[PDB]
Amino acid sequence: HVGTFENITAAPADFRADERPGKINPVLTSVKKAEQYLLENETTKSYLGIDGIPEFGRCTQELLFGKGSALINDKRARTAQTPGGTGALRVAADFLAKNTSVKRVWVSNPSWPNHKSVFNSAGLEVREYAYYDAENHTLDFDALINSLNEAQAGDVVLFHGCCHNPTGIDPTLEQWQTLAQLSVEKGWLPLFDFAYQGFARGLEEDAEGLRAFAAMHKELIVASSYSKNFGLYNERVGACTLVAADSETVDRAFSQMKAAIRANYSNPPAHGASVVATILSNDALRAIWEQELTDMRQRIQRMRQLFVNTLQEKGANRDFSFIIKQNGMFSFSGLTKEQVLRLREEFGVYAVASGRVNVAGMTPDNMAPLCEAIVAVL
Amino acid sequence: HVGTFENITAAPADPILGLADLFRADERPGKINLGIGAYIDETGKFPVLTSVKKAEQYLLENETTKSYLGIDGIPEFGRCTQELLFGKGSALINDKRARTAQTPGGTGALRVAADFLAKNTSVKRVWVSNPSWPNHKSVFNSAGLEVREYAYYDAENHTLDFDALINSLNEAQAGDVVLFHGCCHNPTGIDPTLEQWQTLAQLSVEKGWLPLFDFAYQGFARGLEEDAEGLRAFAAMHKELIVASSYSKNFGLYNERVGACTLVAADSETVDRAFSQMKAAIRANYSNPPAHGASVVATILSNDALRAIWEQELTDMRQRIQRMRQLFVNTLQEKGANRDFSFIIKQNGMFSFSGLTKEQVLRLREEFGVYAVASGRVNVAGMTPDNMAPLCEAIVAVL
Ligand SMILES: *Cc1c(COP(=O)(O)O)cnc(C)c1O
Ligand SMILES: *Cc1c(COP(=O)(O)O)cnc(C)c1O
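Chains as they are written, first to last, in the deposited numbering: chain A, -2 to 11, 20 to 30, 44 to 396; chain B, -2 to 396.
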């Protein structure tokens, strides 16, 4: 008989091996405290509900919309704990494809590559809208508006809550508000990918764009992640939050969302979400975490400044000031594929061929050799 | 405009989780939960195993990072999984024909296998036993596959209709997937004998089926190595098969979502090519798997001493369920049940088809606060010497 696995096609590809001296690319204290508390107080591993820990959902909605939000008081939002932000995006995609007339999702160009594959996995067409002005390293707002002209009512338009991946360029509050007005007028269904809350300016300031939409819309979806702002990457801690016009509608929709989860992974992993709930619902433990998050934010910004300065010190004629204005861990360096290729093979400095760099991996000890490598390929 | 969510139809009730939520809300104190498969101790608790608590303490004091695992998870987790499934020194491991991905539970392993097949092969159909775990159909349909049923259970005699099983599976074509329960068939508890397994493997290789093994209860039938004999008979013959296994129950790690999806192909090149598409299907689902539960499982299986504590804990779970099965039958007789319940002794695992009708199951819940699945399936692992008497009284009252 012919083998089923014979007609399968290899998967195109998405360091670690090369032994060259000096190649260039931890758990939070609050998380360790939380885990200790769980080790000695947990008495069972019984299945969570399909939607996970209820307190995890309450604290998620408060982070997204603000304590006392009209969405919370009117009980218009339902939150399911999911395996990571990615898992939240997949659950939303399966829910939309199975239960609604949604067939088309619009994502920024450029964007996180996994957006298209997650929505495609549910049979949803993914279109791109304009976003990045590579000339000025700014948000091309005019082109963004123009390119969303063909997004029909009932289409999903995906927005990054803050720290746009990969450009690090976010709409201003006024741009957010303009987008919120336009979104209501054209009947779009907003979906926010909110994976870096707290890494731009702060917890509350980073949710301003989402809350501008939340104030205008009857319906929206938020796929949030705690992988980065809690350092809980491999524990897979995220949330998919549904918002509808009223309590009866969101509950009706949320039961089909839970049906989509049941047929995917059944119920979500507890450990990571318990940590987050333990921290968020404890005043002193939350104060510790919030300070760790502020520390992380300021360190990245500090490295952004040092990166720019050392590029100049080491003789770069190109102006990299735009790195200071960009938010989060990722910025487009502006290096060509041919310039990135050299860094990988000729300097042990590894970056994506698109020239995206990860400020997280920069330190005061590797900054000098790193910048000396970049100035060489310029 | 009109809201996108305005016309969504409410989802129907889950046959298992629908009753579970209802049990959580029940006001009566004597309520008894015989619904969802979860091991309980005689103290009325669903405890964490001691082996697990020790491993969790090790992780707490030694883990220095939470950085993403690979798409396929912890390497040592995959190797220990293949040892349990196929046995240390198997030809599949030495020939490097097997690739394992850590998944969120055995359910997640089923969906990953289903997505992988739906998106990378010509598979359109999955054959599932009648009866079977209710969520099998939901998992396969959501990935785009049809679900067909093949004969299995003799209700009147409480046995496995092996002849009806083979005849029904003649409608299955080459390239179609056939799902087999490794051990402790859900919900009947009736597993094929080794000779019956070897006949299915023989017949499977001939018809060209793609065996899919759901292996959620390894160790609860007779023993770790013994419970894998059916699978290993298929492995010795087939060039290709898939195994979705779970550690939720044999490690008591239900809510950490610890499972594995293992691909087996003819040679190392074919499995690696197929496995790259499995990882792609995983990337577009949950990206990478949760570490805590799998780290616990890997830590236990890799330490000889810690493994011994666990394998003794598992052994204590298996034979305590065996003691409840015997007590269940003996108490039914003492409480006035006239019919023969001896078939319950022959059944393996946590679950047993009690023969109760849908209406009788409804009565138990409303009038007696005893919660079973509408199929008549009962969770023997939820019975205790203390709740056995009231639950048997309730059952006899509705007979
Ligand atoms: C990292 C990232 C995600 C996924 O986060 P996880 O919780 O690890 O799944 C989603 N969207 C963006 C933009 C990201 O950068
Ligand atoms: C319980 C069960 C599962 C689910 O295993 P999880 O690890 O909880 O996802 C899968 N298959 C069968 C037959 C089961 O009984």
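Simulated from the structure, these hints should not be mistaken for laboratory data. All C-beta atoms, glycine included, are put in the ideal place defined by N, C-alpha and C. Incorrect hints may have been included.
[Said to hold, decoys possible] Taking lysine-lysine pairs in the BS3-like style, the calculated list, with each CA pair at most 25 Å apart, reads:
no., chain 1, residue 1, chain 2, residue 2
1, A, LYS51, B, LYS116
2, B, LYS355, B, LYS116
3, B, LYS332, A, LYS116
4, B, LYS42, A, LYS134
5, B, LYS50, A, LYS116
[Claimed, not checked] Residues from chain A that keep clear of chain B, each with C-beta distances beyond 12 Å, as calculated:
no., residue
6, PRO26
7, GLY70
8, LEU166
9, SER245
10, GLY256
11, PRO287
12, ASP301
Cross-check of the supplied hints:
A hinted pair counts as satisfied when its Cα atoms are at most 25 Å apart, and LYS51 of chain A with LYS116 of chain B does not qualify at roughly 43 Å. Between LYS355 of chain B and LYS116 of chain B, the direct Cα distance comes to roughly 38 Å. Violation of the 25 Å bound is thereby established for this hinted pair. Simply put, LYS332 of chain B and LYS116 of chain A have alpha-carbon atoms about 49 Å apart, too far for the 25 Å limit, and the pair is violated. Between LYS42 of chain B and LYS134 of chain A the alpha-carbon distance is near 45 Å, which puts this suggested pair outside the 25 Å criterion.
With a C-alpha separation of about 40 Å, the suggested pair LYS50 of chain B and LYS116 of chain A falls outside the 25 Å cut-off, and the hint is violated. In this structure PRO26 of chain A is separated from chain B by more than 12 Å, as the shortest Cβ-Cβ distance comes to about 23 Å. Some Cβ of chain B comes within 12 Å of the Cβ of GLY70 of chain A; the nearest lies about 9 Å off, and the non-interface call is violated. At roughly 16 Å from the closest C-beta of chain B, the C-beta of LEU166 of chain A stays outside 12 Å, upholding its exclusion from the interface.
Distance check on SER245 of chain A: its Cβ comes as close as 8 Å (rounded) to a Cβ of chain B, failing to clear the 12 Å threshold; non-interface status is violated. With a least CB separation of 9 Å from chain B, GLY256 of chain A falls inside the 12 Å interface cut-off, contrary to its annotation. Annotated as non-interface, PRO287 of chain A brings its C-beta within 12 Å of a C-beta of chain B; the closest such distance is 4 Å. With 12 Å as the threshold on Cβ separation, the claim that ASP301 of chain A sits away from chain B holds: the shortest Cβ distance comes to roughly 23 Å.
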